[PDB]
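As a starting point, one isolated chain is supplied in structure tokens, in the form deposited in one PDB entry.
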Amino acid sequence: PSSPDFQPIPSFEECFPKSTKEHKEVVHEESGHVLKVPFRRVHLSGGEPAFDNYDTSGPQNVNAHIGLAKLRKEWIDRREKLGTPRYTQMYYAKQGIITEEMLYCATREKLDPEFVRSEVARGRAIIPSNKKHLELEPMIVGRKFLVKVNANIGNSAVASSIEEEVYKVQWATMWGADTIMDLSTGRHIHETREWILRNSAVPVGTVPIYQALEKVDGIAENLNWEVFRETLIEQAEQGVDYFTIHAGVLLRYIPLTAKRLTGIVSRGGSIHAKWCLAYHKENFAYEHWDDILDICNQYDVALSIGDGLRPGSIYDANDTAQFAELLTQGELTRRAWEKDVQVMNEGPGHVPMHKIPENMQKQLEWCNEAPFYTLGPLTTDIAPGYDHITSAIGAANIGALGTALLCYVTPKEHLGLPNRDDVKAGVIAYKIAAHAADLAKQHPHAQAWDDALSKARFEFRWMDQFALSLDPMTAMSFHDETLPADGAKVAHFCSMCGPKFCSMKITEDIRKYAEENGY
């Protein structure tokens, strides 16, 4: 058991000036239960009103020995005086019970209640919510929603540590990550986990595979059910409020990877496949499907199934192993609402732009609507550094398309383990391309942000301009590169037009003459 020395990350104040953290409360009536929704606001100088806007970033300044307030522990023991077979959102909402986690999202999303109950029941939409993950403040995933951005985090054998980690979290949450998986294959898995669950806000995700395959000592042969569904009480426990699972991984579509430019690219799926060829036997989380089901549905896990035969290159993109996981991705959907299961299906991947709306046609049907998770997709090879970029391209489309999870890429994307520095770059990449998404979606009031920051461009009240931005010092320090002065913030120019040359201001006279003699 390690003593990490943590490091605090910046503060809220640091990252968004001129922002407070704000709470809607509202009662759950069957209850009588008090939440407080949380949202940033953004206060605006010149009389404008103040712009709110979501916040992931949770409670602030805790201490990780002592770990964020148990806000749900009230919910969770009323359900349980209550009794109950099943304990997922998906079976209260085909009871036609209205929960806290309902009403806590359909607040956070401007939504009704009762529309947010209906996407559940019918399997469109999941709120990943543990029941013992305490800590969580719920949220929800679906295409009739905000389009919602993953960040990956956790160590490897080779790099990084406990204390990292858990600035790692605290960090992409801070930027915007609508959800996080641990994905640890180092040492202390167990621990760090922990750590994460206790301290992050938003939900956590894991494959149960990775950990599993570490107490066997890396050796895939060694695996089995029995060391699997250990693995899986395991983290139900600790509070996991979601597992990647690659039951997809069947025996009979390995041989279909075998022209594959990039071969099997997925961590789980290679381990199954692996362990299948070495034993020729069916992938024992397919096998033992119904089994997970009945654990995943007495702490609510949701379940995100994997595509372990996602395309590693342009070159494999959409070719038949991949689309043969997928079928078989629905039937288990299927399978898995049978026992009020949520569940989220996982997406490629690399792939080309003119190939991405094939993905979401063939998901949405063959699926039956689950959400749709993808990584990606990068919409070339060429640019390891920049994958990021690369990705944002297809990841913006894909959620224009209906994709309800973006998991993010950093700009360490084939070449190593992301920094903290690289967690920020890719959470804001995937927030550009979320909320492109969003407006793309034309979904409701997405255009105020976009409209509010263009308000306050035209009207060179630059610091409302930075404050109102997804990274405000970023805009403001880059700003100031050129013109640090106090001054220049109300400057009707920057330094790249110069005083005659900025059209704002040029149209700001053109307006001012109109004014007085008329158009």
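Numbering follows the first chain given and starts at 1. Note that the rigid core is defined as the largest set of C-alphas that superpose within 1.5 Å between two forms. First, how it differs from the form deposited in another entry.
- Residue shifts between these two forms, rigid core superposed: of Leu327, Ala448, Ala278, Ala157, the only C-alpha displaced by 2 Å or more belongs to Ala157.
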The other form holds:
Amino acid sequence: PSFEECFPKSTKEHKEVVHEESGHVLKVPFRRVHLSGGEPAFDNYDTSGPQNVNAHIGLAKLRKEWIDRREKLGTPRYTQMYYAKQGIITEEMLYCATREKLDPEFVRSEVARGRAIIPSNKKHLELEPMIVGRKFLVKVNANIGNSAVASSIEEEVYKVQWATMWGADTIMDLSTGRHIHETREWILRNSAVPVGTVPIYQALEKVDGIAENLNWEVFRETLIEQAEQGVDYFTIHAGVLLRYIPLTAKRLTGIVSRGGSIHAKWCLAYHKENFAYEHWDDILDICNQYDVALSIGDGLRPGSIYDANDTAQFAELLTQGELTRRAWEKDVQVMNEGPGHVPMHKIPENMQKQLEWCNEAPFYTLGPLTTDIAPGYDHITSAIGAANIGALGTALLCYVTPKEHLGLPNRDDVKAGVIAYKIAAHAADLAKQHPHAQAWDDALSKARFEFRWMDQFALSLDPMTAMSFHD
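Complement to the form deposited in one PDB entry: the form deposited in another entry:
Just the single chain follows, nothing else.
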């Protein structure tokens, strides 16, 4: 369906601002919901990106002049953190500031201090910049993966188009098997939102699924390949240390992280330290040339309520903080990945320890799921946890669909997950008293009170569901 079909009475708009240092004109997307009865139109965030673009051609390379100008000026490092620490407000920073209705200097400050990141690989020229950080709107990530068999470019690109239509702020391409490189190229050239990956997945594919045949060298080659395409952030499980693995022996559900499992298998096979940890500095050198942000994985994530907040989980968290501070020494942007399965009373401890041990780097959670009892409904069990941990400061929420623990999500499942997570994210924005967040609730509630039905539906997260249910 088209944008207009998904969001009746809404139009795509852009706010034009000038980047003072370069003279570059930025066109920052938003949506406008047109209302009745003398109400002013309501302006809202928009991640849906350019519409009706031929996937064989790809999106406009909107960042090209920004990247070209900085290259011509010359620079030792290419990261938003490097520029921020030099006192430079970049186009990306101004774009995010405009998008967030906040001051560009505030954005620069948050990025410089490591409390926000702008995942924006210089090779992802199609990207509409966005920011992740506790001082900003809570963001949502959706995961995609290519088809088991050969699919068309239209079919692959629709996965990003659909997730972002419903509000996904980032996506990750978690493809395995064949065609990883080719389909990721299709995604990046056609994605207006940041695209992350977990590079160890493709590295494992390069060695035919034999974890014991992994090593730094094939991982390094994989990082460069993905960076060259434009991947904006890498999940890297560098905190799964050899000595932490035995801490999982008494767990109910062991190591549930896919990347964590792979590293653990390699570590145990050789009794050697995690190669991503050992080569952390070399990873930073790669990231600095492209601006790939590092999402430090939580390979020792709890996979059951029983395992929540255990010794293994927090051992890794402590190391995530060390790795964070090391990355910042080289001006590499960082966020930290978090749980997982966590009952509600254990959520505050997670945020307290992360904020302290990781120097307020942005936190990126998978839920958490607040109970294990409802497979088929884990978008709900985890929306509860995501809203809670978002309220306490978590900056990015990885979605969970109704098919979690069960199977691959179809389009209905993906939409259900994104909607549930947009609810959690906005509920968290309200809880944080984020500026102007309540204006959205107020506009819909005013429409409800005044029986402006179409306006109520048009203002909601999913207008056609509301309208259909009413009919």
